[PDB]
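Below, in structure tokens: the form deposited in one PDB entry, a single chain.
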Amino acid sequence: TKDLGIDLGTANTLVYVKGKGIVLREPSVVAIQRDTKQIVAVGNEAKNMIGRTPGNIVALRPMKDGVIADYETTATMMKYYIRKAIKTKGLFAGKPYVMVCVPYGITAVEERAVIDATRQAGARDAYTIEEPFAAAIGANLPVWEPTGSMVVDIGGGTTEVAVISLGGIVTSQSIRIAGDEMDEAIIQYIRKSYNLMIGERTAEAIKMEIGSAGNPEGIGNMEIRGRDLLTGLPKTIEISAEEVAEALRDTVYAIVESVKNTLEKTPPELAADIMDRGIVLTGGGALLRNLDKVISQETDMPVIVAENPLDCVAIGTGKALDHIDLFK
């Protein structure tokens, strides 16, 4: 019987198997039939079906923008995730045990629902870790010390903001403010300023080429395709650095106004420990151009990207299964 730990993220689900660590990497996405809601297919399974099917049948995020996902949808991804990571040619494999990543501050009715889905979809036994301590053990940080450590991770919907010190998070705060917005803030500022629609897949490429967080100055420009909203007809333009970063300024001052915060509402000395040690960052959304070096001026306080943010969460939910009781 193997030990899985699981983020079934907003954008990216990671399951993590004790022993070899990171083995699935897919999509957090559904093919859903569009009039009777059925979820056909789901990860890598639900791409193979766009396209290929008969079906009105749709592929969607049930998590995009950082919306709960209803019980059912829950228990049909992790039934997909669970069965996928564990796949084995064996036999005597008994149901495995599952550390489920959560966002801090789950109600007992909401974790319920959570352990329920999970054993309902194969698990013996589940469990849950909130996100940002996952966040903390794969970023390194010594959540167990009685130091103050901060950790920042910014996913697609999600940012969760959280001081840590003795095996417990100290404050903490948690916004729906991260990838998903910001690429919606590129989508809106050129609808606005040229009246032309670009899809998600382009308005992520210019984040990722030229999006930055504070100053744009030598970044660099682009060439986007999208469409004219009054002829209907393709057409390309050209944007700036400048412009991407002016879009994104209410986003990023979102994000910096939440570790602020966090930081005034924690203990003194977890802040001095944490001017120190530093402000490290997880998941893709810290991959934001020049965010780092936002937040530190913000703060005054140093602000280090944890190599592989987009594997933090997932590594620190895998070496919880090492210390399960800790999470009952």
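Positions refer to the first chain, counted from 1. We call the rigid core the largest set of C-alpha positions that still match within 1.5 Å between the two forms. What changes on going to the form deposited in another entry:
Comparing C-alpha positions between the two forms after a rigid core fit, one residue in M99, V161, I186, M78 moves 2 angstroms or more. It is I186. The Cα shift for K265 between the two forms, taken after rigid core superposition, is smaller than 2 angstroms. The Cα shift for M197 between the two forms, taken after rigid core superposition, is 2 angstroms or larger.
After superposing the rigid core, the C-alpha of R112 moves by less than 2 Å between the two forms.
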Second form
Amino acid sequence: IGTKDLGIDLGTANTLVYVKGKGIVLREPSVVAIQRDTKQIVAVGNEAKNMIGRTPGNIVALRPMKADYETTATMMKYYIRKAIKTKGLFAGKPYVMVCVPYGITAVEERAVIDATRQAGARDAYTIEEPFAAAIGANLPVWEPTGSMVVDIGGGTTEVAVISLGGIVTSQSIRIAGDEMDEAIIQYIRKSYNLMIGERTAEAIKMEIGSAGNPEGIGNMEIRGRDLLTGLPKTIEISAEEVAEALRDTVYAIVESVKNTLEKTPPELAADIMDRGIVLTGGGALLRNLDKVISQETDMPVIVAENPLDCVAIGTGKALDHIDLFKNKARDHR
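Could you switch over to the form deposited in another entry, since the one displayed so far is the form deposited in one PDB entry?
Shown next is a single chain and nothing more.
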């Protein structure tokens, strides 16, 4: 009982490790450096970032979280080892709670667990990302009343209705932050014959992006490739245009919220109408998305406190409930 148990959120962009009794102790990019020819991972996280910055050549920089067995095991080994400052004398390895995407299958869950134990966990358990998000957002997930979370990440939006320590109904769509970026890229290509890159698209979304009602958000000067001449060009784009670019993405997200509500038992949907829907993840920060989802569902919608950290916090808080997740894993044997 001397080694502190761990919760790990291996996110698409950032990895966060929660240590029982200590909180978030590790905040590192979900990045790996591999040897360009032998495809071997030579650094992880901040160490990969530092090595990339020293440009030693013969290295390739990768974001492997969108994982295969050996990459998970290698990344887990690094993060577990780095987060644990001291070991127990009689049991030097932690129990580890691993955040996994919604809809993970049984065989996949056993593979994640195996990779985590290979990485040095005494034993390992999994928790679905929207359930971790609801726990970390402080929703009353253990009570017999309905709670709703909408976790908008990079590659997926997950919607879940929670009650009594479990997901009652849920939906996941592959429409999130990455797809907002792509919609912006495609709108600018079609409207201005201009090809922008990923950095500029993300910057546009962050600086003047919104889900609707973009009054006073402002305009931005952007640079990219004139598709006629192939030379770089600068134009000014408006928050109004960006809002129109993001419309189909936003309403796909709204549709997934509605579709989940439609599959939801009436009394749980009634509870949510009363307490409100909570948005988590980086995509929850899209200006006015809460207002748009609220307007389209006639339900209260709030952005969670600490929306970027909710999943990792909930993965750590799940350590006070290991019996539940123990039982969940034995279901998926």
